[PDB]
Amino acid sequence: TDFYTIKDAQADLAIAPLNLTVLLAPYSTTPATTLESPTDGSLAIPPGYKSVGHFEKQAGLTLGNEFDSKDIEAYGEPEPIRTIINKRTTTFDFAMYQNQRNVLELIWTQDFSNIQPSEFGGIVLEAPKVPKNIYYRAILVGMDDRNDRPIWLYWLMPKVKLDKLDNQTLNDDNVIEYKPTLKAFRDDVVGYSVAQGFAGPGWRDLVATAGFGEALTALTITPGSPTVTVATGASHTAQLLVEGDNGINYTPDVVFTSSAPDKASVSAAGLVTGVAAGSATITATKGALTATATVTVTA
Amino acid sequence: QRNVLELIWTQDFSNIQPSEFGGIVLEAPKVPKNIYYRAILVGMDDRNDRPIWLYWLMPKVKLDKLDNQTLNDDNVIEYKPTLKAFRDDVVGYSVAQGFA
Amino acid sequence: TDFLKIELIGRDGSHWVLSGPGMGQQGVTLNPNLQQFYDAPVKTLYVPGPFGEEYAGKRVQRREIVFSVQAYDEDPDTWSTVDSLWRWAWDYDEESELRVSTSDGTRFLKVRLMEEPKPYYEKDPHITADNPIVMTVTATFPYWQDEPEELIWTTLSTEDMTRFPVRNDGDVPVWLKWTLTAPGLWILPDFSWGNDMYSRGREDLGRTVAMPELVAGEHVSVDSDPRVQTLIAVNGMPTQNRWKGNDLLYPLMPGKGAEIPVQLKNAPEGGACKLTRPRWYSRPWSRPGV
Amino acid sequence: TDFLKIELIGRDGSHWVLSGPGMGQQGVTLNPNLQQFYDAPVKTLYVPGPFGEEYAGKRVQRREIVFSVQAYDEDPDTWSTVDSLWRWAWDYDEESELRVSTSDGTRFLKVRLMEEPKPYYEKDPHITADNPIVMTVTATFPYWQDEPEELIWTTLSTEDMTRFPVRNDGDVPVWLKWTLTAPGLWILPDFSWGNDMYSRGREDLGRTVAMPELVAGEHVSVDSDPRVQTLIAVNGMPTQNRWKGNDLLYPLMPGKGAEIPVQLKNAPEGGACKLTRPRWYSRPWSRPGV
Amino acid sequence: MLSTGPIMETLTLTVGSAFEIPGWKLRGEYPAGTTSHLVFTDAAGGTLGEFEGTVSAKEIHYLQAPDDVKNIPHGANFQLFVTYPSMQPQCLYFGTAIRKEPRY
Amino acid sequence: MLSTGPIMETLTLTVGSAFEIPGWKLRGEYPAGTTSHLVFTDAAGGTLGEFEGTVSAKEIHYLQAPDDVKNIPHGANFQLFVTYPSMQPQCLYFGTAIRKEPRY
Amino acid sequence: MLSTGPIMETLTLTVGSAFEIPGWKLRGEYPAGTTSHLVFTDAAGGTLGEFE
Amino acid sequence: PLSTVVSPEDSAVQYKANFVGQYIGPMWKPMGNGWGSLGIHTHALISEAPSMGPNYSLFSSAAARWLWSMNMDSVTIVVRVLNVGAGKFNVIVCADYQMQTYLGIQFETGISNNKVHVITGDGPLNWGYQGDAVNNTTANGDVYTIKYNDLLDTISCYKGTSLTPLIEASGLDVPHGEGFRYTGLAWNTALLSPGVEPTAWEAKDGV
Amino acid sequence: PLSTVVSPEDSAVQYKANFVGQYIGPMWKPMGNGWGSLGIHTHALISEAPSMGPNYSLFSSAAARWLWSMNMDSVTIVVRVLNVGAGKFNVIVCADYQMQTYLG
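Chains as they are written, first to last, in the deposited numbering: chain A, 2 to 300; chain B, 101 to 200; chain C, 2 to 291; chain D, 2 to 291; chain E, 1 to 104; chain F, 1 to 104; chain G, 1 to 52; chain H, 105 to 311; chain I, 105 to 208.
If you're looking for bench data, these hints aren't it; they were derived computationally from the structure.
It cannot be assumed that every hint is accurate.
Stated by the list, open to error - Pulled from the structure, derived: some chain D residues nowhere near chain I, Cβ distances all over 12 Å: (1) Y73; (2) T159; (3) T209.
To be verified - Below 27 Å or equal to it, Euclidean Cα-Cα: the simulated DSS-like pairs (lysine-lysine) are: (4) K124/D with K111/D; (5) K133/A with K59/D; (6) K133/B with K162/A; (7) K266/C with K245/C; (8) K51/A with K133/A; (9) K111/C with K178/D; (10) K111/D with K245/D; (11) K162/A with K275/C; (12) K162/A with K162/B; (13) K165/A with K130/A; (14) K133/B with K165/B; (15) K25/E with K162/A; (16) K120/I with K133/I; (17) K59/D with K178/D; (18) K257/C with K44/C; (19) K120/I with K245/D; (20) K178/D with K257/D; (21) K124/D with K162/A; (22) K165/A with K88/A; (23) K58/A with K162/B; (24) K44/C with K245/D; (25) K71/A with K59/C; (26) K119/C with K59/D; (27) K162/B with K71/A; (28) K25/F with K58/E; (29) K275/C with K245/C; (30) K133/B with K162/B; (31) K133/A with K165/A; (32) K88/A with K133/B.
Claimed, not checked - Listing some non-contacts, in silico: residues in chain D with all C-beta distances to chain A over 10 Å: (33) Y56; (34) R60; (35) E75; (36) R88; (37) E123; (38) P126; (39) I128; (40) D131.
Here a beta-carbon is modelled for each residue, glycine too, at the ideal position from N, C-alpha and C.
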């Protein structure tokens, strides 16, 4: 086998976080199990998660992983036979610009929900007498939009706490930035400290290549004999679902066509509307794969 | 890809089933898992259409450390692990170097 | 390494490879820094003299071996099984074997729990399923042992004599054991081998002692080691009680050997004799001594 | 971890989950590095011998468990409530229960405050509202226990006999307790189970001891435990006085068990016998052994 | 681990409060015909309580009454079985019940 | 180690729970005609239970009703054997069977 | 170490399992006609097994 | 280091069984029909102790072997039985670890075959006969003593208290020594109902 | 381990007594009449071996218990006896520790 075939490198599996945002929620907010909407697979931020806004471009966002390790030594062996990772500490830091309520609450470790602006809008945010140990829920979601098929890659940290705060320098040519480091703790209710996830049409394209599940080889369709009504009513339209052999819905990816638009007119999303009584053929194609269904239309 | 992510997270993601729209979620384990792999580091020098394949065989490697990764709106996300070689009892060596 | 193998055979007969080829197959390996394991602890005695202190003798001491093992497995349930089995392989009242195998052969040391084991790390052991157990074991008999060399001589004659080749190839004196059938008057050798412990090394060069006349069914075991009564009869008769305050006095000193003579008289049936020479050593491995 | 769950039942009946699933729900968690918690402290005796020192037996020691807890809450007032409750859960005179639950079941240790606790940091604890308490507790009975197994045999016949199934699944001997109704003459087993602690291990294999005849209302507790008197009459009568130098001498040795016979005679109104067998272990968890 | 084993767990109970296990934690694929069964027992083994959960496509939900859960004390054992259609019950969770309430 | 051996493992038993070994825990390459069985044993060598696994092309599945595994106690030994066609049986997983359940 | 010597190695046996040593463990160049045999003896030297 | 390896001087051993609990127990290894081929029958109709036999719900002929082995060639087996039907009950002596070759005493109960035979086993469930057959009626609670004497190379069966051999045989071609010291029982019935089955069993080394 | 090992309780026993040494021996414990109630009588007038009996210097009745017990209920006793004069001789089996109840 040649070197290129042995390497089998794919450039499409390189995901660049072209855009990125961090969302913080109070610890009472229900944690985000996943960011993919169960309806159409779009991005679904759970309620209670508020974005922190812009942050510094040059600083980026650094995810730090720290391993505590212990070498096990054998009497009859010179080198360590094994090593044990006692713990993996995850932190992340970024330099955020905006001066909003949640940003300032995170910076000062105080709840400013009871802060009432003065008659002319002025506010004063006193630091707590004793620093307060407050936990939040963090979502770090980034978008790589390629060919109008975005990939949303995200980190879910159900429990984060301000670990340190970098010194801030005031310069008459730069805006004020707050650069916190947030350490992730393991949440008992969800059973993890940090999780990584992928979603989007681009990720749906790349699941098989990445190697999760099985490769898409058979394009099955919803039951191929749906009955539709010409007259307006409950049964004047019928929705078709296009699935792969690996249990992935490929309806947005496939192309819906009708060989007989007179009988059932098919939309892009996969809705056949009864127009004239008879039988129609609906075909959804994706590359070489295709699926067909014979729709019955009644007046 | 799956083996890269499994190595990074010290978890076996063979049972991870993509959702209806292909999305996956990879949770870090409760306690880091001590998993060993077998590594082949093979390089090719193409000289006069007579390649030299020089390779390293590590029959037992473990993720020793993982450096901090920085997200920048102009660079792809890279995972930079360090893998430590241990001596395999079945083959009797930890690292071998070969040419072909 | 492949030059050294360490094994444990527990009080329950379980087999563990702590070090060497096949170590850790049962889940337990041996950690470094094991102490009082190689040389038998000996203290020397000194008495005041004109030039300081004069040599007064030596006494061997029991072994206090403190060593750590590592019990490991992938899943905590199986690790718990392994740890329970390792704990079951030990006791305070009864001893378990600890075998060292090298190019010099296999030598075993019988050890018992001197005190309670100290298991696990600071956190609970189910987190790692890979935990160290610190064992403080003790060897009441401090010498390393090989399987003893046994010889048998049978005779149908009323009166007979035999010679047993005997040689101590170890570095410590060993005490002979005899098993003599009955009836019959036996004469056993108690050669000094030049040992001047009683100031009779040359006088007792060819010392022989007669056992009391054994009656029918009174087969005896004559163990010269001091941990054990010398004469013990099979049928419970008090043979040493009959034997008039005599004793076997001398061990087979290192580097000494001869054809020791055994005499049998007044044995109408004709009797049998068995000689057991122990093989004690002060180190788990050592080249043969001459 | 979910493989191990540590709970405390205070002297006042409070329930705390210090480790495992549900830990910290009551505000108190368990800190690492807890000592003398797993293996029962046993010391071995040695007397001088020919080759150093000879094993002379073992003695089990009372447990001295030194551990630490975190009392925590977000507000100092509720932290103070939790800290007060934790202090209330302990005493010196009366003991509190400490349960360890694993895949081998639930085993408990009765512990009491050996000395005063050492609470809080160097500053006042209301600042952090999250403070460590250092507990030095002691276990007078060093064995981890399970709920004792109780059997009842009632009969209306004047003369009757039964077989109690008995088995010691633990690693330590246990002492049986009997509760016998009156009147009637009871005969109870005192099997040695091969124990040579009185040089009668096989002579006493089927030993039975006949308790003195009981008058009406003289219900007896017959506990073989050395801590308590063997015969205790509920009405204060000196029943042991009419018992002629006989006693229950033997515990239930580990790994031993049978259908021990209990006989009742001369009982005009029948009789009831209750057998309590303790379940003592030297470890919080251990796989069954036989 | 070769076999499927129950996870050790604890259930909190409160006097005067409704017992409830939220569905978002008992997640998993449950085909139509699945049932759930939560059993509360004492030290002897006497059945203190039997409860049936309302299974859904992806969750199992429990919701009882304070009268229903009054008889269960702290330390009572529990186990939660799930029975898939045409299958034997499988113990998802076992463990113990603690009470988070003003002690009396 | 010239000759390979089995792997030491644990099995979980629960009262009222079906004993199941998922096939993804016994994944392999098994030609048609490959058999597999599992034997439980006490400390004396007596068989407490013998079961046959469903060997598919790339997995082996075990599934027993709770009545079958009721009598196997906590701490029993187990062996798992796979017999390839026209070949002698070989032991894959040996070990112990713990009982993870509320004790009475 | 002027002379060729054996390597101290251990064997694993299981009841009810086929004893097997894989070929890749006993590697090396063996010309035609080479014969290998494994001999199991007891503590006294008495042969208790022999295999080809 | 050992001059010779000698087989340990194993002492005389004794075993008992009564079939009072729920199931058979691991001390009886099933044979021929595989695992789960044995069961306990209560026999409460005749008010007797439970007996051991085949599980007639799915089997008719079943054999069992004692888990342990006798330490000496000579052996005594005392069996207390019940006759609740028609069938054949075999007491098996000097069997191998698979009950392939063994001596045995067969008690047949039937309309015309109320007899006792000496049998040599060809597999656990198949056997051949040696010598004639002695007429013998078996009642509930009958106790039979089957002794194999190695010195005389004889197999004998005595009934009740009398010491005269109810049946006897000598010189049969069955291997002895190590590996042929296993005892057992077997049941063979044409119907699916209990026939002659043991409620009590004792084994002892030597005669 | 239980397959290979044989427990002392699970082993047949064999006991002998000859009295030819003209001493009681340590294996017989007097019952009922207390210590020193047994004796050995030579019967030298006739060609006979010594026999064990009561200490007729003190008692006219006596009992002895063999120090160790049997390991199974069924038992065989073989006694070679001498009828010197008038008397009653009991062979006692299935006795308790103090020989209170027995067959004979």
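Structure-based check of each hint:
no.	hint	in the structure
1	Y73	holds (49 Å)
2	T159	holds (15 Å)
3	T209	violated (5 Å)
4	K124/D with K111/D	violated (33 Å)
5	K133/A with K59/D	violated (54 Å)
6	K133/B with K162/A	holds (25 Å)
7	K266/C with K245/C	holds (19 Å)
8	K51/A with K133/A	holds (21 Å)
9	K111/C with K178/D	violated (38 Å)
10	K111/D with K245/D	violated (36 Å)
11	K162/A with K275/C	violated (80 Å)
12	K162/A with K162/B	violated (30 Å)
13	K165/A with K130/A	holds (18 Å)
14	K133/B with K165/B	holds (13 Å)
15	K25/E with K162/A	holds (24 Å)
16	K120/I with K133/I	holds (15 Å)
17	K59/D with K178/D	holds (25 Å)
18	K257/C with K44/C	holds (24 Å)
19	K120/I with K245/D	violated (33 Å)
20	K178/D with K257/D	holds (17 Å)
21	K124/D with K162/A	holds (24 Å)
22	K165/A with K88/A	holds (20 Å)
23	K58/A with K162/B	violated (35 Å)
24	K44/C with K245/D	violated (53 Å)
25	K71/A with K59/C	violated (44 Å)
26	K119/C with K59/D	holds (18 Å)
27	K162/B with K71/A	holds (13 Å)
28	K25/F with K58/E	holds (24 Å)
29	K275/C with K245/C	holds (24 Å)
30	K133/B with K162/B	holds (10 Å)
31	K133/A with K165/A	holds (13 Å)
32	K88/A with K133/B	holds (10 Å)
33	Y56	holds (27 Å)
34	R60	holds (32 Å)
35	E75	violated (8 Å)
36	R88	holds (24 Å)
37	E123	holds (16 Å)
38	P126	holds (12 Å)
39	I128	violated (6 Å)
40	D131	violated (8 Å)
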